[PDB]
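Colleague: Given next are the chains, with one letter for each unit.
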Amino acid sequence: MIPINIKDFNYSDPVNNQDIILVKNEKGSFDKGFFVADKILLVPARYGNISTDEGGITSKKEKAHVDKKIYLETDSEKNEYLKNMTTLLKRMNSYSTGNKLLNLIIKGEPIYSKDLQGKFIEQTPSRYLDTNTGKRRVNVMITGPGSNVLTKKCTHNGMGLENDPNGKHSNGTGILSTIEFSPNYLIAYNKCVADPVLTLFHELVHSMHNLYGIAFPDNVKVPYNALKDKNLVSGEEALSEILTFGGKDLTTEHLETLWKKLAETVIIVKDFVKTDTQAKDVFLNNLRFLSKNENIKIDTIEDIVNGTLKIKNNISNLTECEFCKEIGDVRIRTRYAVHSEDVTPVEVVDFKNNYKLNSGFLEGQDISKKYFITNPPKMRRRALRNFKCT
Amino acid sequence: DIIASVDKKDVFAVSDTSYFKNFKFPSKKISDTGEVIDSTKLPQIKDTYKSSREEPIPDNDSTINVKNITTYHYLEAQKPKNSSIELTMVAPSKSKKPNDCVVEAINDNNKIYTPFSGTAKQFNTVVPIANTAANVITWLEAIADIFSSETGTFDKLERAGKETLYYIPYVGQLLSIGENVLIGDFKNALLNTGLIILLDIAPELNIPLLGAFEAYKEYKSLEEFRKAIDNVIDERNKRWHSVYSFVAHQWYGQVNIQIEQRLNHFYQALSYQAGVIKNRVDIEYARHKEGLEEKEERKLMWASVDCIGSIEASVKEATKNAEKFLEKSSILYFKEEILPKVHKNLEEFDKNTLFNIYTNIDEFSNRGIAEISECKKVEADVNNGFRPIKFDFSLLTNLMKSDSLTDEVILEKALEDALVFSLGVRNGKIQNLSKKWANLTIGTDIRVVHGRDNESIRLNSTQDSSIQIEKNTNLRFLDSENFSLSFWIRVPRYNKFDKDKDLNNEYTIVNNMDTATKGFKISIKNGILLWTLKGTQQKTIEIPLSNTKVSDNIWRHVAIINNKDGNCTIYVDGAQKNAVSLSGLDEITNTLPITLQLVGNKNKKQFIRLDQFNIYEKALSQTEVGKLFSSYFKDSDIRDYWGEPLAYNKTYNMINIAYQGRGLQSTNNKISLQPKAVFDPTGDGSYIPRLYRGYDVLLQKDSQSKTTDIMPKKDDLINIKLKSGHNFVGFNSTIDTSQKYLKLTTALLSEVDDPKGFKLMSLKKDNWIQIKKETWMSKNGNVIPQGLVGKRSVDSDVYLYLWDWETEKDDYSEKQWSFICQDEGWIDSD
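In the order they appear, the protein sequences are chains A and B.
Under the entry's author numbering, the residues of the first sequence are numbered 1 to 390, in order.
Under the entry's author numbering, the residues of the second sequence are numbered 3 to 832, in order.
Excised from the complex, chain A in its bound form:
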């Protein structure tokens, strides 16, 4: 509903240092970054440290692994990736829940950091990512996949040091998140491929939680111990991303249970900010954006609690399954990580033609349609446990 614009770019467009930038990466080179939406940075370059070896055995956590060096190495492929990503963001922007997620992701702002001297500093790694012309205002970064082409996860620079819910992404301090997403590679769940718009919405909800400092800690996950021993792990149940998912998966600390802390997180950050005015204003605006059209007050405890309740009610209906329910057309998997179910990575031959702005996969999401490469070029078959004795 809210009028925002995302601008389509081309990798052939030149760097004007205004909307198209160069991002300094871990390798020390520079990747042509694009601002598809205000404070939303998108780079068609893959994540750092691409594996030199293809095939073999997947890691003990994930089930489906695909690797490809040649993926996203030519400017034509980077252009294709950029157009696919712009199309996905525009499609998600068309719907009301996607529009609410994009309003916050863009209008959000991490609160300023306190130096050793005690005064607040504006230019911080929490809000800026170094480029060749100095730093720049970023809220979320979208990249290509890592070594694992299938991977789709949201990572940041702020995490709980003592494996406890007090990380930079959980204590109300903002942080910017980097997302490694690939439109061209999809995991199929029970003979149907996931719609990439839903997975991108999942990752952006995680990014928004990280941005406002209200995220469920990612230091919480339940490992699965095959035959119940520590050394043998067949997979892990990351509560952090399940909760973001809708569906029917069973989790103890729900998202509605989450944000009870917000009352106390808001009190803590208000105490931490009280010294400065500008820092206070950002936090108050941040809070106004979290609780839709409020013009909040946080002077007393009762107003704080009312505001926290307003926020919970506002951003409780931003989930994968809720987005699907808004779409109606797209079919979503029931649970999230069925430990025992088989998954078939499918690649998309022609994303530009086979996927549209209005309704992608015009032949549906069945593995046997939209010429979906049942299994993609490379694989890494799962670890094979052998049982032997008399």
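Among the hints, a few may not be true.
Said to hold, decoys possible - Okay, the calculated beta carbon distance ranges per label pair:
hint	chain 1	residue 1	chain 2	residue 2	range
1	B	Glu299	A	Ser359	42 to 52 Å
2	A	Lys230	B	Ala191	27 to 37 Å
3	B	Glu339	A	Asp229	21 to 31 Å
4	A	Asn231	B	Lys291	49 to 59 Å
5	A	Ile2	B	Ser367	48 to 58 Å
6	B	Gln540	A	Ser359	35 to 45 Å
7	A	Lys292	B	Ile209	37 to 47 Å
8	B	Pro342	A	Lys135	53 to 63 Å
9	B	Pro342	A	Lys230	25 to 35 Å
10	B	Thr709	A	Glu363	51 to 61 Å
Claimed, not checked - Which residues of chain B face chain A? A partial, calculated answer using Cβ under 8 Å:
hint	residue
11	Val8
12	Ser244
13	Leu397
14	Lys431
Hints in this document: simulated from the structure, not taken from any laboratory.
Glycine included, C-beta positions come from ideal geometry on N, C-alpha and C.
Please build the complex by placing chain B on the supplied structure of chain A, with the hints as guidance.
Modeller: Chain B alone, transformed into the frame defined by chain A:
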């Protein structure tokens, strides 16, 4: 030395218990706003960086040594290593145990183990001869026939005091589930050993609720304590759900993952047998492609296709049996070995909360009481609010492929498909329980309170207690088409306050128009509710919430159903009340979101409640609404005066049907009815009977009643005990003909022989409890026949008499009762 190479996924997985052990449920001190937050002890903010990225852990194929043969060897022995005619199947028999047959199948490339001893004879023992096309079809049809019969078996299994579960006999000899020397050794292994056999790894779970609740002592106002103690009710209500999801999650991690592994092995093991048999048929077809007299490769070749089709059909149904056996058995493990553990702890916690609240009441009585009645007003909200919450088994079921009987709720396909929006409470949160989507904006002030089955939304009078439903693409049909609204609304009785603070002000309940804009409106006028339509001309239809069309605080299923532009019929119950013609109007087109708010009410003490606010695409027929209304009620539930189900340790006094307004009093030595006291509801020359009369009495599950359910049932006979003291409604040990109620209050000294066990139950299901007592061997040697409780009048004084009654053909009318529990919509005063 047998080998068994299995996928990393397909090994049995059990969640680590470290996360769940560290999870704790702490004691809380609820305040006006909620839990007390003290910034003094709140942690200081740290702002150090740490990258979220965890490097993937390198993995490789590993070897595991197991002393005894495991299920994996039973699965490795059935995959066909050879794909030729030389392949033979091995089945267990008297010659060698199935644990011995598996090792002969692993070490050999040409043998497949198979628990089915029958289809082995047609495959291994019997081999076809490529001579004539007649004999092969007899062979080809037979191997499909016996396989279908062998894999399609579904034997009922029964246990003492537990739900009977249907099981598959051959799973024991298919996945090494247990000591399976005989095919039938699986059944007796399921009995006398439990459903632990289905799980490879014995699960370990947790006992929460190490803490209780309380109310803060820093209240300064009459309204502060009322708002504070209301928060304690909600906080306890939510914790009754959080523990349920915490325990349900623990069950999924520790039990249902193993079951999905066991069920997934059934997908594989049967597919191995289906593969080899289907492979044999293909080579059988090719093996008979020589010596053709023609028409034998067109006719009796489709039979080969028929054999192929029959094998897959049997396996598809056999998998359905596996889902109905194993996957149902997972819930039966939960209902027996997990749910009793958590229910005991929660009740123990809830008792501790009651002590704290009552202690807080005594302090509130000392300082700043209003002296309303015995210096305690909110005790009505406490017993009413502290109702046990049944486990919503829709949590487990949604995870499960089989259409389990645990659903046990059937709705009309036409009616269910016509549903568009269904507001309601699900696991203690407002949800849109429809399959469609609607933009619902839950207000801050809205609180969930106990209702008919699940909690009910309380539209309080406060400004921020509104629900907003946007008119999206799905809800655009309310413009020029038929639509039906259904909802359970409990409007509190027309009070003196309601009729004094306003006289003729008609304030909205559900608003969908603005001034000079079209829309539909639900409003209350001078204590009567009515449906409003704005079109070409505004049309207002009254709705009777009771006799004389005045609010009675009774749970009612108002259903403004018909908007077919021919008629507007309304069903306050299963029966139509009022109708109108809509020829005048043509459309209701508005962009204004559907609002549930009380706007314009002068009284600020009015609670309007809603439970299932539904919208339907069709103008439901008179037949449908009867089915819709009757769907809510079950033939097994018992409800109090207002339609809420009975609850143990809820204080409610009972009055008769014929003798309205007369409570229970103790005469010389019996139970009698006090003289009727009739009061003025509104204060204008009209008098109606009082409700809160007689003994304040509760009811508790009897010692002899095994059923471990939390709420009473049309069964589960329950002793009736006075709240005031250890007093039990019962009979004397020595009764001949004067079957009056001793109301002894004695079960201690020489009076243990008191028949205080009653069976409350409601035939017509209209909040009318009919207390049935079964025939018992009365002391002194007399046999007293079964019958309900009625009234018998001696002199000027009535009496509670046990009149004879056998079954429904007798006249149970005028022998019923209504249980009335306080509530803040019905005040019994001047």
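Colleague: A separate judgement is required for each hint: does it hold in the structure or not?
Modeller: Going through the hints against the structure:
no.: 1; hint: B/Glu299 x A/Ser359: 42 to 52 Å; result: 47 Å, holds
no.: 2; hint: A/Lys230 x B/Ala191: 27 to 37 Å; result: 32 Å, holds
no.: 3; hint: B/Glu339 x A/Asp229: 21 to 31 Å; result: 24 Å, holds
no.: 4; hint: A/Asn231 x B/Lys291: 49 to 59 Å; result: 54 Å, holds
no.: 5; hint: A/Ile2 x B/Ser367: 48 to 58 Å; result: 53 Å, holds
no.: 6; hint: B/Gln540 x A/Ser359: 35 to 45 Å; result: 41 Å, holds
no.: 7; hint: A/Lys292 x B/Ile209: 37 to 47 Å; result: 41 Å, holds
no.: 8; hint: B/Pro342 x A/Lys135: 53 to 63 Å; result: 60 Å, holds
no.: 9; hint: B/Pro342 x A/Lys230: 25 to 35 Å; result: 31 Å, holds
no.: 10; hint: B/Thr709 x A/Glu363: 51 to 61 Å; result: 54 Å, holds
no.: 11; hint: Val8; result: 6 Å, holds
no.: 12; hint: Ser244; result: 6 Å, holds
no.: 13; hint: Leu397; result: 7 Å, holds
no.: 14; hint: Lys431; result: 6 Å, holds
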